[PDB]
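Moving on, here comes chain A:
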Amino acid sequence: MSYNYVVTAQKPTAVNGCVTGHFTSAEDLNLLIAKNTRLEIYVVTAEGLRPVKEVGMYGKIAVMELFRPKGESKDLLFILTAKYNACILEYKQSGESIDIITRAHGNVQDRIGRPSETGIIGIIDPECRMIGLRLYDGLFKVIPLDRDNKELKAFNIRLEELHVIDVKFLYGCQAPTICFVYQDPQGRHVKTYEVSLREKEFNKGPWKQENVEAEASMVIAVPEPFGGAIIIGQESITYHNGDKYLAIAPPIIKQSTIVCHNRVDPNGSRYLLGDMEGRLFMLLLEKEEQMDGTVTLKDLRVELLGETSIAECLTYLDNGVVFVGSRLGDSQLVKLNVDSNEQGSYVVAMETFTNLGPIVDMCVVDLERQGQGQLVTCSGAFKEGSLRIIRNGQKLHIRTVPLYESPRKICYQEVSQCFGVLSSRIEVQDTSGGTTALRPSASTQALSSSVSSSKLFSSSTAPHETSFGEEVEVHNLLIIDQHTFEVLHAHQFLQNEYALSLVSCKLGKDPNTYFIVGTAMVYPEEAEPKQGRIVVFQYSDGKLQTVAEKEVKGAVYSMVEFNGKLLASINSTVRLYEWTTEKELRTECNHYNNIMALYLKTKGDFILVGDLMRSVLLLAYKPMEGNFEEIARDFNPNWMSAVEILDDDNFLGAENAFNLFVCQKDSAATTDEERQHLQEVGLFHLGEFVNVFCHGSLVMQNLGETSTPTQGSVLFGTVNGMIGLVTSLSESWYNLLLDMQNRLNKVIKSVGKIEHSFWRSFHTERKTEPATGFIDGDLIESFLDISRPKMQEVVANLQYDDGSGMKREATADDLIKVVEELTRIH
Partner candidate 1 sequence: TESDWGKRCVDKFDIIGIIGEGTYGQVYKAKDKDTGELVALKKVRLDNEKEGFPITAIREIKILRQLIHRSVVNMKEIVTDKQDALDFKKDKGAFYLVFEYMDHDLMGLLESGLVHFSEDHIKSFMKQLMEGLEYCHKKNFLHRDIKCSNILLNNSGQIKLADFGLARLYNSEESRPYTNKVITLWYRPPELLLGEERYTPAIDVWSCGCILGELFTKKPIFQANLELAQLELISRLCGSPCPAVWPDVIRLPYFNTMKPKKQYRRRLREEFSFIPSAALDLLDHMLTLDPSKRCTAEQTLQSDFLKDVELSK
Partner candidate 2 sequence: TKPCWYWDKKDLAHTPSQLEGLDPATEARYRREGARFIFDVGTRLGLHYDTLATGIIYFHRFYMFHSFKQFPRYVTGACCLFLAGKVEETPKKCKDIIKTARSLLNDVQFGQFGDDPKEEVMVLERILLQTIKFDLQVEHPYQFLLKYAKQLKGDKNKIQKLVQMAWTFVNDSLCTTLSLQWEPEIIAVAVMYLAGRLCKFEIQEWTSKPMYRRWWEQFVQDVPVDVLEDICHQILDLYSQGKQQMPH
């Protein structure tokens, strides 16, 4: 068996959602911000947001909504986790003591269901009679909000329309009414139903179906003054309410898909819309007076306000202050002004909230020779893409290097006192037949530049037609100085060539230090790339020189330096090249038993291969023979997101289901069959998407070693910005900390009353296994935050093993010491 420890170094930084209401008091305006697994509660003031409370939940936050049922003084909070843990929460403050009350809770998972394409949707009735949940195709689940439903029991109504795009509870109906956009073979349509709690079924809805834009995306419920719904698409915005129908199709929105919306005015006259290129629009509802005294909708208007960070969620807050919640960039506070500035913008940025964003790749480097080490991350996407220098202080000091284009891979080349960074920028097919970039970015603002002239794929004789307006990726290798982070050089790869892998190393007897890039020729027609390059560059005296190119018959997804040889994975094949005295790559040997060789790592003569399915494989280079040998494979099927080697026998993996697992050589050796079975000895539900594993630690080594129970250090980056750390334990230290977790889980009160053991259980749609071989360090480090009575309660009746005192009864203080040393690893 194996024993490992996993802690968070940086909590999730990306806003997954944001809603505002009156949660902490009936009087204050609150902004609730939801980062993955983390809930931040702020109070809106004219000066700014005042933080008041932050809690963690043992679950990924999928639904977050505020509702005030009749009889309550203040808003309550509904949350549904991605594992289908539902709960209703209340803020209660007894003077200084702030606590989150679990008013109702339960798990709403169905034994039989098909998870929907557009993900979990949760909506609440305007009268707060029921909670609507769309969890499975063809089913609508209703949690009725009656005082007695403390377990959140619910029933399913059969839904004829299997492929639902979006649904909202409509305002202004005699009965609870839902409005949804659905897709069937005839296109997309907007339809309504009424929900009957008494009959527990749908009844015919208030207004007829209308077939809508093919790419209709969002349903906006319109307040009672107007009523009805607005349907936002790629080209058109439409309002449907009974017989009334309006359609505005302004060309400005066609340019970029609109993804988020929020209500500025409770009357619904003003709405906010944002798009993927980061623009912010105002959607205006023009109202017409009636002879009856009634108010009808006259027309819709769209006005461009300015540019924000690419936003997942928007909330209007107060005055002109809007909170921009971004998962692809920094979240922001912006001010909307009545008068535009001299550039024509009505938007002025106030504050910038740091988001490490998607961490596509990262490396650890000792820039200042301090011995500590610093973390340089490829963070963000599109214009929000940037490099982030992250270093320990307790609070992490983070310098931001905007790139304004998508960074892909980073590697450090000390000889050249600079970084190599692969990047991709979006250009659009223009009337010239070429392409035009939307915004200047790193690859265009380099000091000196070059472009590949390779004739390898010029043969052509196969067509690829272009239509004006279509996006393309242009990939570049960026040379960036390690002190100034000035873009010294930019190399643009071939048309339709993607840069997938990057390394910095010397090869063979060649003393020159090279940048080597592995590429793929990506044409929309091909399921799998069938052409590719390995390119050897040299950065010398401010210019990048192409040294050698090797044509391959696939995509070079991953490369790694291997004892002076170049180890590269081309589709299924894993290949070892030698670097000749003629400065050319020569193939030595191959391994072909792979579906897709996405990830590679090495240690000595051993190689760990990560696969699209079939998880990880331990290869070995056999120098006596000049070829590879399969040592052991993990037969259990998994979809890998990143892999790392812990030691000569233990191997770490990351799944696309947000799970971490560890495999070990079976070290039985009785039969060859046992040797070739990597046995999963560690299973852990992380809750984040791990893109990159990287050996190192950000802690300052005082250059004198002081012992820590943990041994080894692997850092990892995630899509939501989390930076975590994995380390190994001795059997004894694991059992002590494991035993203590079980004690801590009985003592600590969870938000939503979510069992910790459940949360960390390995989970795919098909499997759920209990965690094993992993210590949830974030639980362990919470011992230092529980009240003294609880500290002693946790440590009651404790012993120990493998020590000077063979069994050691613990004092609360004894453990306080052990945990505090554990907090020093990050």
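Candidate selection criterion: all candidates are chains of the complex that A comes from, given by their letters.
We adopt the following convention: a residue touches a chain if its C-beta (ideal position, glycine included) is under 8 Å from a C-beta of that chain, and two chains touch if they have at least 3 such contacts; residues count from 1.
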{"item": "Options 1 or 2 - which one, within this complex, touches chain A", "value": "1"}
{"item": "Candidate 1 contact footprint on chain A (complex, rising order)", "value": "110-115, 136-139, 158, 162, 591-595, 612-614, 630, 633, 635-639, 656-657, 672-673, 676-677, 764-767"}
